[PDB]
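Undergrad: Spelled out from the first residue to the last, the chains are:
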Amino acid sequence: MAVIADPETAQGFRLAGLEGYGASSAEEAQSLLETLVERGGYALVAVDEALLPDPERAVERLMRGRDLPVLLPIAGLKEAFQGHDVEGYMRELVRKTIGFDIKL
Amino acid sequence: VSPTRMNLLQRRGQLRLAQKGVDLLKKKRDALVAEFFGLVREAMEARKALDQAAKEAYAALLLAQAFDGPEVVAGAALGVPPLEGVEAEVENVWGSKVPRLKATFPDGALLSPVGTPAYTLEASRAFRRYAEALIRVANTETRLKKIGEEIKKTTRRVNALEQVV
Amino acid sequence: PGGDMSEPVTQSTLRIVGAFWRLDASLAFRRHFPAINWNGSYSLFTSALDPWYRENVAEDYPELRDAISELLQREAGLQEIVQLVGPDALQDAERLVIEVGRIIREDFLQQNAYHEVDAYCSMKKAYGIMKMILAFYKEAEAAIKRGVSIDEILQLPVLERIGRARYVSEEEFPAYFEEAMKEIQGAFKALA
Amino acid sequence: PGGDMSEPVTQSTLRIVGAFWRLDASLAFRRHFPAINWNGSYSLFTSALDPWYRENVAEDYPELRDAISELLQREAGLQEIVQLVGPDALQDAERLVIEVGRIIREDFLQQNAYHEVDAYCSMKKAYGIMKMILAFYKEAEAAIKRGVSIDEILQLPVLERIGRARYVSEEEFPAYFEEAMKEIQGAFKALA
Amino acid sequence: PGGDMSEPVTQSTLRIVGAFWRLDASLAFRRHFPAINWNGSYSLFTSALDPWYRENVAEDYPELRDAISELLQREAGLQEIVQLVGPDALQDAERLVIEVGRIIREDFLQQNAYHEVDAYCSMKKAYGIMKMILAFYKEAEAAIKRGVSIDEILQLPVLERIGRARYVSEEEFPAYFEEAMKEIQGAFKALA
Amino acid sequence: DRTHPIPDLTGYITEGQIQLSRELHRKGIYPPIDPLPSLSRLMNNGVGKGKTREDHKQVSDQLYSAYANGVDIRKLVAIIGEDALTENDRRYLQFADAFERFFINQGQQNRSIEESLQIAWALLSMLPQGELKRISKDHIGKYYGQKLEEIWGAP
Amino acid sequence: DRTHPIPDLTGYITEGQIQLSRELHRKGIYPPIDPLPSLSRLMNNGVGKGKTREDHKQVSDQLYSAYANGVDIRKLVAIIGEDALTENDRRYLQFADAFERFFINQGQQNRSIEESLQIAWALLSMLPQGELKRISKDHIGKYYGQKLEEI
Numbered sequence: 001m002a003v004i005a006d007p008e009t010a011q012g013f014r015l016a017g018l019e020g021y022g023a024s025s026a027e028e029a030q031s032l033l034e035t036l037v038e039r040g041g042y043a044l045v046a047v048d049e050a051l052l053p054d055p056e057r058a059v060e061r062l063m064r065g066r067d068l069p070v071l072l073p074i075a076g077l078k079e080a081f082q083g084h085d086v087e088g089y090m091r092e093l094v095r096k097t098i099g100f101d102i103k104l
Numbered sequence: 004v005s006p007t008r009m010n011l012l013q014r015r016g017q018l019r020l021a022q023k024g025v026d027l028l029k030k031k032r033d034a035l036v037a038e039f040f041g042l043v044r045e046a047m048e049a050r051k052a053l054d055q056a057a058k059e060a061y062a063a064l065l066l067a068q069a070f071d072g073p074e075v076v077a078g079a080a081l082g083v084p085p086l087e088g089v090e091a092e093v094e095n096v097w098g099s100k101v102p103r104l105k106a107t108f109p110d111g112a113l114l115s116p117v118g119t120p121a122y123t124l125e126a127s128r129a130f131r132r133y134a135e136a137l138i139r140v141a142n143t144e145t146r147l148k149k150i151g152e153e154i155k156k157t158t159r160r161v162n163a164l165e166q167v168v
Numbered sequence: 387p388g389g390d391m392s393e394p395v396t397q398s399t400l401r402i403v404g405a406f407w408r409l410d411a412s413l414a415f416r417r418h419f420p421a422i423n424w425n426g427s428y429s430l431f432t433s434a435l436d437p438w439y440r441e442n443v444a445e446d447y448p449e450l451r452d453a454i455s456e457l458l459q460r461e462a463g464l465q466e467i468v469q470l471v472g473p474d475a476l477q478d479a480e481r482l483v484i485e486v487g488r489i490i491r492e493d494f495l496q497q498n499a500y501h502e503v504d505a506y507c508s509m510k511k512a513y514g515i516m517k518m519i520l521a522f523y524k525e526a527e528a529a530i531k532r533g534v535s536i537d538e539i540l541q542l543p544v545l546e547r548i549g550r551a552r553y554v555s556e557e558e559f560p561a562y563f564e565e566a567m568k569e570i571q572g573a574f575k576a577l578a
Numbered sequence: 387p388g389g390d391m392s393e394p395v396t397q398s399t400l401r402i403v404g405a406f407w408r409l410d411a412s413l414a415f416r417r418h419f420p421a422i423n424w425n426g427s428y429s430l431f432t433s434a435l436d437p438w439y440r441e442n443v444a445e446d447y448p449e450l451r452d453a454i455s456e457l458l459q460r461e462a463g464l465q466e467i468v469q470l471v472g473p474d475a476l477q478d479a480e481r482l483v484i485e486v487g488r489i490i491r492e493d494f495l496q497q498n499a500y501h502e503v504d505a506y507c508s509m510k511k512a513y514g515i516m517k518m519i520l521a522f523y524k525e526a527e528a529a530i531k532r533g534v535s536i537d538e539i540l541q542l543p544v545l546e547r548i549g550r551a552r553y554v555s556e557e558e559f560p561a562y563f564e565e566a567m568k569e570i571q572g573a574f575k576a577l578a
Numbered sequence: 387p388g389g390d391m392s393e394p395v396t397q398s399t400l401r402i403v404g405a406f407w408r409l410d411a412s413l414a415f416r417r418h419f420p421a422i423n424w425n426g427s428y429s430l431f432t433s434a435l436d437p438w439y440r441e442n443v444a445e446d447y448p449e450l451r452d453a454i455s456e457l458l459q460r461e462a463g464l465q466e467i468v469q470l471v472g473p474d475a476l477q478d479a480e481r482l483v484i485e486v487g488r489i490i491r492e493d494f495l496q497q498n499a500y501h502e503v504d505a506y507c508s509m510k511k512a513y514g515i516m517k518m519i520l521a522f523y524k525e526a527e528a529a530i531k532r533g534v535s536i537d538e539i540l541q542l543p544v545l546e547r548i549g550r551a552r553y554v555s556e557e558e559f560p561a562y563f564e565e566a567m568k569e570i571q572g573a574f575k576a577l578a
Numbered sequence: 320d321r322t323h324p325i326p327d328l329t330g331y332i333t334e335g336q337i338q339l340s341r342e343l344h345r346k347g348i349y350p351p352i353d354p355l356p357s358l359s360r361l362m363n364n365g366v367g368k369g370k371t372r373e374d375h376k377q378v379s380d381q382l383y384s385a386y387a388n389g390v391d392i393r394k395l396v397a398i399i400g401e402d403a404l405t406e407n408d409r410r411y412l413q414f415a416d417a418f419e420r421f422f423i424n425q426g427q428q429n430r431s432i433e434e435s436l437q438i439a440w441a442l443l444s445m446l447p448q449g450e451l452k453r454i455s456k457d458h459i460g461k462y463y464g465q466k467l468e469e470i471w472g473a474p
Numbered sequence: 320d321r322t323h324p325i326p327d328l329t330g331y332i333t334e335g336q337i338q339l340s341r342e343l344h345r346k347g348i349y350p351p352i353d354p355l356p357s358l359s360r361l362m363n364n365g366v367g368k369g370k371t372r373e374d375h376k377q378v379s380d381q382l383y384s385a386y387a388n389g390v391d392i393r394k395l396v397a398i399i400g401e402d403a404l405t406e407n408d409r410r411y412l413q414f415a416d417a418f419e420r421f422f423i424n425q426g427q428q429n430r431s432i433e434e435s436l437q438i439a440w441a442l443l444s445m446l447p448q449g450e451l452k453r454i455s456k457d458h459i460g461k462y463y464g465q466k467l468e469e470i
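Chains as they are written, first to last, in full-length UniProt numbering: chain H, 1 to 104; chain F, 4 to 168; chain D, 387 to 578; chain S, 387 to 578; chain R, 387 to 578; chain Z, 320 to 474; chain B, 320 to 470.
The reader is advised that the hints may include incorrect statements.
Stated by the list, open to error - Short derived list, chain B residues pointing at chain R, Cβ under 7 Å:
no.	residue
1	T329
2	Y331
3	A387
4	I399
5	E450
6	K452
For the record, the hints were derived by calculation from the structure and aren't laboratory data.
Here a beta-carbon is modelled for each residue, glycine too, at the ideal position from N, C-alpha and C.
Isolated chain H, as found in the complex:
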């Protein structure tokens, strides 16, 4: 529904019918995400990884008791055409969830 990323790909998201929103800074993306969650949690929120590594961490206090507005990070267009550490992201997620490093 709602996407936070660079303004260039926000045009494509709007072209898809999604509520693409433009941002270019970590603090600016944090402010935009706070604005989105404050004005209603109905929209699903795709945040860009470079702008925000852990989207739920930034608005963790405001997201207390919130279930519908799920937040996840996305790589972005500049990083899309480059090698993506899918193993690193999964290892970090497993470490956060279970408190261990078990990737072997």
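Let chain H serve as the given structure and place chains F, D, S, R, Z and B on it in line with the hints.
TA: Same frame as chain H, now just chains F, D, S, R, Z and B:
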């Protein structure tokens, strides 16, 4: 408690019950971690699929940005109806209720603007595939988060029983 | 003296009597009477009295009381898990077992020695109450196997009739029992 | 009676004896036939016996014994995570530690009392086995740090050589020990 | 013997004395002195001395003491919860009351007999310390309601002023107390 | 209480014990002998070849392990439900129920040793072949396969 | 058992006691002296200025408080895990680990009082200045800030 033989027998029974409960909770944690190991591989595969869809969608988008002017795609995005009413059903996972996003339709692909150049049209479908993979990734990540919370709770309870009571 | 059954007189009389009715202090504190600890009580005259029960109460009375005792044993077994994790973490079948055990305790085992009617119950009245409870349990189990959630069952109207059956007088009981059985059949048959 | 260490007899015994060899039924249940638990056992004679060991066995025997004990302790410290996620999900170094502990348990501590050769063992054979195990551990750790996969290391026939060592006759042991040390040196980095 | 308060001497003494100052081994292990268990101790003269406290110490001394005692009871009650799940899993008010309980039990109850100044404490000094602690508690509650985080409050520099209050001499204490009160009332206003 | 002086000394002198269960008695099973806490110290010297049958010890210990596992699964299914259980857990649950129904609850019957071994093999047949880690392949080939509808405790 | 009549009655007569710990012994620590149960009642007569060093008593008090904090943090970690710890709690936990590794463990070294005080100040350097409430501000800065471990 009052020191008496009956109280002593009651305490010994309580100790036996605590040990049996510890064993049962450890078995439950074993089942949970098996499910977690399955979900980790599922999430990794979904993330790889999303990455591939992202690559192809961005390649499609950038191609139309140079062959056609940005004003054309801007007008097309202004003319397309927005997306609304994405299904948000709930799912039961080990008792706790987890949301499950379900993109029923990207408005059904029912409306398009009057100006539809060849390069622009393919870009929108790429973004639709992008979104329908992103929803799957989000659902899987929510499932792993719930299972991880359950595992952490069980481990905390087991530690409390083994080291306090 | 201290409530300790390890006291020598209690042990000496424990090896001689043919029936033992241990009293629970927890039930007495809760004002749940007769306050008899079902786990710690027993009787050695069960088998010898079976022909009399068959001839004078009903042909299947021993089977009914055995089923009730097995239900109580299963509830006692599940109470350990209930204390470990809480009553909400159980499945639907175990929740039903717990609820049926609670109903048995509150509506069949409990008895008011001061009430005009409840102070004395004949064998046939107890047999009818047991039959009602067992029929309700079978219906509820069948309903749960059909996907009906445990919360709807606990709200069924027939529970008030089951709870109130103990206060019906002896000569009013035969018709009330048949009405309760038909209502129990109808409530589950019509709903699902 | 009951196997409780708080009995007055056990407490009086533990205040005067020099060594305590704790047997376990659990170890015997796992076919660890000597069945002596190394976590609960202890001895107070090692420090006074070191000078004799340094002259009749070898000059660095106490160091080897201490290193083996430390490796066993490190194995025991990792037994929680291996119970949680399983051995296959560990890192390379921890998996190597677990494997070395398994090698020790199955090849050095374990002893067959009904075998015609393994029923008895001299101090020199034990020293040789400890030396071989420690050398293999050092080589494997270096290989792991270099970038060799752990599963590849698990396929080396040097493990098969080491496992058979305790069945070698006392007369023929030194030649086998020299050949096995040469093989340990010639494995790993000698063939990448 | 063994710190057992069910000793015949202790039980026979407790039937006639008007106060009971119970020493705790756990407090002495942490070097918390005088190591008086404020949960197991009591006194029967506290209600009869209120007019003297009003006439000689302050008009609202009993209310301040009761508030301090209530806060200490609340943190003692939350201790068992916090020791199982961790402070971070609690609400902001609970974290604040835990922190103020720590401040009370480390800056008011503790007293050093071998220190040159802290050895003796008058009633006015204790009243001032209690006033400072309670004023800080009220201001922290107001700030937390305004939305300030717990850690930002914890890292305030006036907590150090409160912590060193008991080491201040009797002569200089009123000026230190007034300045600390001004700092307490001015710190949160700037923090907004 | 097994720490009472009388049972304590009796165990300290005698070899093993047979333990009755109150749970089995209240569940309608007779004789209510609980196999898990029971133990015979001289059992290994009275069974084997030329004494009972050559597969006695392995059948006994396989029954012990399978019953313990089934009891554990029965405890676990109460909280996690039957969906989370694998196929093997369901097999163990069914085995435990059938074991309590047929092996223990024999009533007033006089069973020969061969009849008891036959019922034991019929009960073991419910488990998948290859789960019987404690039984050698020869005995499995010779005896595994029959069903409860030929030989069982309610004929 | 510290409640047994022999040690209990001995404690009522003597000035303090030195208590050993089985956990420290099993962790390969010598001498395995557990500082929390240990006590010395005549210590304040012998330490001070004009004897030993002036900061002796305050350093001992700060060490006791910090080690108690580390022990309770260790107790908390065994329930919820390390990853949930606050930065201050992690600092106290690693302080307790370093204390057990370096201060208690000696071997057969004949450490003098100055060396022991140097090691103690190095250990207290791991904590943030301002948490040392037991120590007067003068001794801090004069001795605070030593390198983590010279060993």
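Undergrad: A separate judgement is required for each hint: does it hold in the structure or not?
TA: Quick rundown of the hints versus the structure:
The interface hint given for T329(B) is violated, since its Cβ lies 12 Å from the closest Cβ of chain R, which is over the 7 Å cut-off. For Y331(B), the interface hint is violated, the least distance from its beta-carbon to any beta-carbon of chain R being 9 Å, above 7 Å. Hint on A387(B) holds. Least Cβ distance to chain R is approximately 4 Å, under the 7 Å limit. Here the hint on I399(B) is kept, as its CB sits about 5 Å from the closest CB of chain R, short of 7 Å.
Annotation: interface hint on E450(B) violated; nearest CB of chain R at approximately 10 Å, more than 7 Å. For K452(B), the interface hint holds, the least distance from its beta-carbon to any beta-carbon of chain R being 5 Å, beneath 7 Å.
When each numbered hint is compared with the structure, violations occur for hints 1, 2, 5.
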